[PDB]
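Given these sequences and hints, build the entire structure.
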Amino acid sequence: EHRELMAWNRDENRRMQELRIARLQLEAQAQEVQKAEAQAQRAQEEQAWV
Amino acid sequence: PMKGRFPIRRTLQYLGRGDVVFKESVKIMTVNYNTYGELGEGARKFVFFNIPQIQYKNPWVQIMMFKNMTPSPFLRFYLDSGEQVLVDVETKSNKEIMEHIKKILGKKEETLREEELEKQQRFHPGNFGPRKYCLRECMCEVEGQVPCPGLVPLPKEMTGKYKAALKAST
Amino acid sequence: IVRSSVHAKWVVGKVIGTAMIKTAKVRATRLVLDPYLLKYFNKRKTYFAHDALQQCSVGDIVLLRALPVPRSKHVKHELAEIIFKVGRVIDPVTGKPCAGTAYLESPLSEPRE
Amino acid sequence: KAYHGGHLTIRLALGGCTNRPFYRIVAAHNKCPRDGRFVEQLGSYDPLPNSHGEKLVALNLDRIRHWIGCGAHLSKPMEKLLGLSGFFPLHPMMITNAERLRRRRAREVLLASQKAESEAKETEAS
Amino acid sequence: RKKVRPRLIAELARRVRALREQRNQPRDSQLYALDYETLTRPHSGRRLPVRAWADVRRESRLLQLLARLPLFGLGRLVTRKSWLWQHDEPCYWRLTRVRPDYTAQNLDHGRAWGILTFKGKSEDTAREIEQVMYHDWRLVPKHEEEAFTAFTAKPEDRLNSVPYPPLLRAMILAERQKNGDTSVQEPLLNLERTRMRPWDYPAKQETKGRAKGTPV
RNA sequence: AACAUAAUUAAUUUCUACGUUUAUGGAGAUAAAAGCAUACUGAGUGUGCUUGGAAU
RNA sequence: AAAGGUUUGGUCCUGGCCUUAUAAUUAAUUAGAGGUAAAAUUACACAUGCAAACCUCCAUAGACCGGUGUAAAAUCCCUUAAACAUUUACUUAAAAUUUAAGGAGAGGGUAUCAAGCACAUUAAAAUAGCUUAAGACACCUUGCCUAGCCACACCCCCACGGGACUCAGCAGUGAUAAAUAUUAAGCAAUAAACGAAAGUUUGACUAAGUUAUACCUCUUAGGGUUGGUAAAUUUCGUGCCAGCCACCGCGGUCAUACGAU
Ligand code: FES
Ligand SMILES: [K+]
Ligand SMILES: [K+]
Ligand SMILES: [K+]
Ligand SMILES: [K+]
Ligand SMILES: [K+]
Ligand SMILES: [Mg+2]
Ligand SMILES: [Mg+2]
Ligand SMILES: [Mg+2]
Ligand SMILES: [Mg+2]
Ligand SMILES: [Mg+2]
Ligand SMILES: [Mg+2]
Ligand SMILES: [Mg+2]
Ligand SMILES: [Mg+2]
Ligand SMILES: [Mg+2]
Ligand SMILES: [Mg+2]
Ligand SMILES: [Mg+2]
Ligand SMILES: [Mg+2]
Ligand SMILES: [Mg+2]
Ligand SMILES: [Mg+2]
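Note that the protein sequences, when read in sequence, are chains A, B, C, D and E.
Heads up, UniProt numbering is the position in the first sequence plus 100, with the first residue counted as 1.
Heads up, UniProt numbering is the position in the second sequence plus 1, with the first residue counted as 1.
Heads up, UniProt numbering is the position in the third sequence plus 2, with the first residue counted as 1.
Heads up, UniProt numbering is the position in the fourth sequence plus 9, with the first residue counted as 1.
Heads up, UniProt numbering is the position in the fifth sequence plus 2, with the first residue counted as 1.
Quick caveat, the hints were computed from the structure, so don't treat them as lab data.
Among the hints, erroneous ones may be present.
Beyond 10 Å from chain B on every Cβ pair, some chain C residues (computed) [claimed, not checked]:
| id | residue |
| --- | --- |
| 1 | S7 |
| 2 | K27 |
| 3 | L40 |
| 4 | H52 |
| 5 | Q57 |
| 6 | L69 |
| 7 | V71 |
| 8 | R73 |
| 9 | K75 |
| 10 | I85 |
| 11 | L110 |
| 12 | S111 |
| 13 | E115 |
Here are some chain D residues pointing at chain B (derived, C-beta under 7 Å) [said to hold, decoys possible]:
| id | residue |
| --- | --- |
| 14 | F31 |
| 15 | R33 |
| 16 | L57 |
| 17 | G62 |
| 18 | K64 |
Just so it is clear, CB atoms sit at the ideal spot from N, CA and C, and this is done for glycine as well.
Here it is, written out as structure tokens:
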């Protein structure tokens, strides 16, 4: 019974790890889009400042 | 007014509500949690509300808590065999954390009842002795038996004072 | 291979000193219930542990194993593991280097370096 | 106290008040006081007849068998109780004492008959 | 703690007292000397019991008999007057080693070893003889050894099994019926494993205590 | 300080002899504009500060 | 605590003291007997008697029971190992009882005791460490853990030795203190010791004696109080006197407060 519970524990940890990668993946897409826009403003401001 | 927030946490009834009694293998439970964030809210409530209850039922287990050392909160149990059980409690409610640890490393209800019955094996209702250990100090208390001479005087013929006098007379 | 008599077969603590040769001074903490207040506080104990390789640094969390025979008057434990190295933590959940509540290496990436 | 030497024994510990004795059957180290530290209580003995005319003995026969199996000696009064119950054979002196009592009452009866015969001689004299 | 301090005098006293005991050990001639007028041991002042008075004046000690024999009577048979009176069957010791007390001016105190034959049954190994200082020993003549040691064993008639006590028998039969065992066999105790030696059987002298050397 | 005798049943003796504590002027009864800190003298004044003085 | 009395010219706040409840001891006054429990000024000194024997010699026992609270923060609970001056069985395995080494946690006071001064590690014998405001060290006081446990046994912590040279066993005595049980009977019961046993011994104990210290059952009635708190004073004497008060207070001539009634 101990071994079965220790196997179920690892499965629960992997199931949550899969969700973590899915959530962090979505953030990378959204944050990347924002970063491109922010870099554009820096380019416009940097050119104006120069 | 009792000091602090949620002063009910400092009552024996609340501490006795804990249901997680660890197996004898469990020796240490380190808690890594973050004080700031949104995915670690359940972990913070677990340290606030449940860690007192866990320690109360498991006095010999070392509970050591670490703050803001890792990106995510987790629980790591150290067993006597040398095994290390890592648990991930991110995005998990404090109630969910308690139920999870109970399942993997918590004694079952059947086991606990057997120990309670075994603990009282040497207490016998028939046994006589002090009130701390026994129901009745003396057999005089039982109904139908000869009552205590202090409460009720014994018949003259049942007294050593009377019997000694007759032997002198004989 | 009988085990130690001491109750603390396994103790976790922080390395508060390392000035003795091959020995690390470790501070462990346990929770003790105040009977009047019914609140738990930290009772801390100091444990001398045999650091064979002198691989310990002040501030790192370590796991100690009770020695079967006391090495000396105070050295009754050995260094089983360094749970967290000071400033060099590796997230147990993901396995990536971290520096506080942040990832030095993103878990999405697979550097394998 | 910190005893050195001795053995476990099953004996009667005296309780009650003056003229009202009551016993606790107990297993105790022989060197301990009669009513002091004991190991286990194995029953009780009330030597005074109750309203129903019954002297009441309680024996924890499971624990008594356990402690006799571990070397526990028995006091002579306890061997007499175990013999009357039927758990042990009757003690040799229980049988011998009953024989002495029979021989002592036989003499008394014979003396009474002789006295009545002597009284009969007085009746003959008138 | 750490305020508990050594006790040098206590340690010195224990050791020192031990040395005196080893050097000043008394001898059999002194511990077991007797005053026959008062029947009291001078070393300790111990007065012998009343039932032993007749034999102390009427019987000999073992090494009083053996001191008169060549090689201190190695190989000879010796019996006790107490056994002769109590047991019809031959009871004797076959002597194998004898260590007299050389200090004794008549070599009448010492230790002995031999092989026991009690009530016709002979032991297989030699052990030290107890009660050597008793006035109870009788040397067997060589010409009477064959007639003295002649024994024919009778078939043993002591029961080998007996009933259980009345209550303990009922508890056994009740357990049988509860467990489904249906039988009318009578529970029987087996007495062979635990048969008692006679009370006067020779005891182990090697494990017996010796009196102290402090005079009264 | 702690050797040696013995040994065709086995034993014998040795197994020592300093320092540290307690004890033999002040404050309390029976009545027979101000202040704080500080300096000087004598409360007087000096310097700074507070309003728990005052001022349409 | 269900509270009450008491700072003031008055009100409110704050804050101490005291009262009302419960018990132990001693004391004043008072009291019949009976059942029961308890018995206690002092680790001051002790006249006298007793408290350990048994038993065919060897051994065993007198290492217990009983007593006192000397010492020491001394302990509790727990772990490990080994034993015993033991038992019972096997000629080897179950117990009781101890000992030693330890530690999850808990454990009196003073911080005007703030530093301790070798208190550490390594094991080629080097390193410079160890404890401490999360209370070290020092000093002071204290039996606690209560089916009971610990410590002590004339003193010198010990007891080879020395000396103030033995009742902290029961009962008694002197001194001391507010403090006051019999110089008693029996081993019939239970417990212990001894014996193979019939049995023997025991100031343990059992049954009594003593004592309103407590409870129970009866039966006589005594003790105190009477301004407020706080239940209850009628006439006289005294006149800031004599006295009374736990607190507030009373008495200097109409005293519900003192004294008698
Ligand atoms: S307490 Fe039971 S007879 Fe007294
Ligand atoms: K008040
Ligand atoms: K009085
Ligand atoms: K002492
Ligand atoms: K008796
Ligand atoms: K009255
Ligand atoms: Mg004998
Ligand atoms: Mg200013
Ligand atoms: Mg009085
Ligand atoms: Mg005692
Ligand atoms: Mg004291
Ligand atoms: Mg004295
Ligand atoms: Mg002494
Ligand atoms: Mg006395
Ligand atoms: Mg004495
Ligand atoms: Mg008194
Ligand atoms: Mg007597
Ligand atoms: Mg016997
Ligand atoms: Mg008037
Ligand atoms: Mg009046």
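Hint by hint, here is what the structure shows:
Remark: the non-interface label on C/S7 is consistent with the geometry, its nearest Cβ contact in chain B lying 15 Å away (cut-off 10 Å). With a least beta-carbon separation of about 17 Å from chain B, C/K27 lies farther than 10 Å from that chain, consistent with its non-interface assignment. Its closest Cβ contact with chain B, about 4 Å, brings C/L40 to no more than 10 Å, contrary to its assignment away from the interface. Once the 10 Å rule is applied to beta carbons, C/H52 is consistent with being away from chain B; the minimum gap is 17 Å.
Listed as a non-interface residue, C/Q57 keeps its Cβ farther than 10 Å from every Cβ of chain B; the least gap is roughly 19 Å. No beta-carbon of chain B comes within 10 Å of the beta-carbon of C/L69; the shortest separation is about 15 Å. The beta carbon of C/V71 sits about 19 Å from the closest Cβ of chain B, which is more than 10 Å, so the claim that it is off the interface holds. Every CB of chain B is more than 10 Å from the CB of C/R73 (nearest about 20 Å), matching its label as outside the interface.
Every CB of chain B lies more than 10 Å from the CB of C/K75, the least distance being 23 Å, so the non-interface label holds. C/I85, annotated as away from the interface, has a beta carbon of chain B within 10 Å; the closest lies near 7 Å. No beta-carbon of chain B is positioned within 10 Å of the beta-carbon of C/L110; the least distance is around 13 Å. With a least CB separation of 14 Å from chain B, C/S111 remains clear of the 10 Å interface cut-off, as annotated.
Separation of C/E115 from chain B is adequate, the least Cβ-Cβ distance of about 20 Å exceeding the 10 Å criterion. For the restraint placing D/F31 at the interface with chain B, the shortest Cβ-Cβ distance is roughly 5 Å, inside the 7 Å limit, so the hint holds. Because the closest C-beta pair between D/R33 and chain B is about 6 Å apart, less than 7 Å, the hint holds. Using the Cβ-Cβ criterion of 7 Å, the hint placing D/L57 at the interface with chain B is satisfied: the shortest such distance is roughly 5 Å.
Among the interface hints, the one on D/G62 is violated; its C-beta lies about 11 Å from the nearest C-beta in chain B, farther than the 7 Å criterion. Annotation: D/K64 was flagged as interfacial toward chain B, and the flag is violated, the nearest CB pair being 10 Å apart, outside 7 Å.
Figure legend: structure checked against the earlier numbered hints; hints not met, in rising order: 3, 10, 17 and 18.
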